[PDB]
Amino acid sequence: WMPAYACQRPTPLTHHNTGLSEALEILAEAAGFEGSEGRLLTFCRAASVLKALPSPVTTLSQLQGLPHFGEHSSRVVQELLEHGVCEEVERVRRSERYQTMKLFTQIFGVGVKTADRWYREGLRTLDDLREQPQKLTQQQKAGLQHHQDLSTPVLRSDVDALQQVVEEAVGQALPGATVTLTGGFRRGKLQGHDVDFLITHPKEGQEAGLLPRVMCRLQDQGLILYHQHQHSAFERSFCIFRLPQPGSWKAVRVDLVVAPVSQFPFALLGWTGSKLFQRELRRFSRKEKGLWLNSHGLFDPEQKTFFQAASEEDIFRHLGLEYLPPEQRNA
């Protein structure tokens, strides 16, 4: 027996069922592109179960006793085991709708709704978007300008270099302020699509006005290609950095998030992911414990109270869950 909720079981970075999970995740992604959110979650959950298994699935008999494995996900796995390929998955892969929605949604600042609108309007390629600049936000224009670099996996070596410049800028702007790497890299991932940093200071309020200072410093070093600062709920800067490399440079997406230290454990938990892990953790919190969890806090709607947490461990404990380090949150 394996627990139902992804937040009740360790999911490591590397596993034994990558072919099967990849296929189910194609179907999940395609469902999301069609606005079929239930079906997305269902396929995502099934793929997550395979990631938590200790052995490869070689025969269909191994599916027995697993949660979140309905008829459809089972058929997909069955066809892959018996025939090496799943016709439904291959049809999705080859479909113009899926290919175009994947193309568009990958671009910085483009979500499903925008990509679907563009599809419906007859846009198909990146050049089509460039021919219609009035249809694009500034953020999307920047994503198109740098699209090749932004669809090149970000590497741990890139992350280490970026963390150094961000730490230097933060330290120079405000001694005592800290930078914490979050997102998939904190979970042990070797690559990613962006780099996520959470900034705070141990004295509540000393973080005020820090981010614009940090950004000024980075911009003056030539390290910023694009920056969008927003006060709202955490203060954040959505950026594209110009990462110098030997004889070259590459654009890399970086999100900088400032949280007041009182909210830091909630922010770190939220921003560390995985996306499915946090969805599951919030569902667990609400359904099993009656508490509402988000990136700012843990609220009891009956008592109208907020839980004081010093750490992620505090939050897990309060929810009655065994602690999972970030590298076991790869749901």
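Under this definition, the rigid core comprises the largest set of C-alpha atoms superposing within 1.5 Å between the forms. Residue numbers count along the first chain shown, from 1. What changes on going to the form deposited in another entry:
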Given for the second form:
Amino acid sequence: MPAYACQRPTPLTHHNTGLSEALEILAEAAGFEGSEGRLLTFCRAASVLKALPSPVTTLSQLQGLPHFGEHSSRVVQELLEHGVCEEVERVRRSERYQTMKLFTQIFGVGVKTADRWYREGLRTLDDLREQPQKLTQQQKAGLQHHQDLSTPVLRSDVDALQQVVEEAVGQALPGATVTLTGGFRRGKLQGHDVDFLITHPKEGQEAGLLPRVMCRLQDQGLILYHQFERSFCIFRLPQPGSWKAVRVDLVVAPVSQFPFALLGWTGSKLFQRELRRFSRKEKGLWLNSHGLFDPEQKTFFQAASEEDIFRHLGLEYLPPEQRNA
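I've shown you the form deposited in one PDB entry. Could you give me the structure of the form deposited in another entry?
The text that comes after this line covers the one chain and nothing more.
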């Protein structure tokens, strides 16, 4: 079991679901308290369990697994012994966890904003609504549409959205392409949003594309909210006899950078963080969604594929459905 998540296949469904979900509760809680280091360790330990070929049944099976020290092991131990971990349950019940979770789930609200509101005594969504003076227009959108946005996006939702995005993209720039990314590209059956990557086979033609796409989407009455090369929108998605609000992210990249952007936006989030960490610390190369940079030779690696990028980094290729760290 290698120490970086990008070094091992991590399937979407696995054999330690309960254990990983408990550790991810502690990761989340760590983030609510600003402790990014602890969040990372708990996320990594959870991911290690996702990568195992069978259930963890005894404590000794944790020996020699990366990212399992005294704390994470004790969490697993209690779950194995009693089916629950007191620390985890304590977090679950806490007013702090529940309110920070509720608040950060709002589009436009991050840990810093949630925390401030919490300290001001705010607890509920109606607490925010009954004082819209303090809200940004983004937060007002997030709050108005919160119920719909809390509803899982389904695969059938995605196909319908892709068609309408392709339609607008097609008028905006003939020959431009739309690629499904994010969680659904990794095989997820549900999602919190739909993520699309847009490019054109002729380098440079993609310049200026996103405002033209956005203009045409808005013209068809499909945009409930939007604010460039990235756009975080709320779409009006038809439903039987009605509609619902759905979060949709659009990203444009030149075709030269397409593999890097495909890699970066397909995730998982932890997978990308680990991959970038691996790149910098183990290979001395700087990776982002634009490219891979050798800071010694002052050169960018050209990639024609995600496979190229894994090869560059000396990693075995992992298809998207094995990047579910």
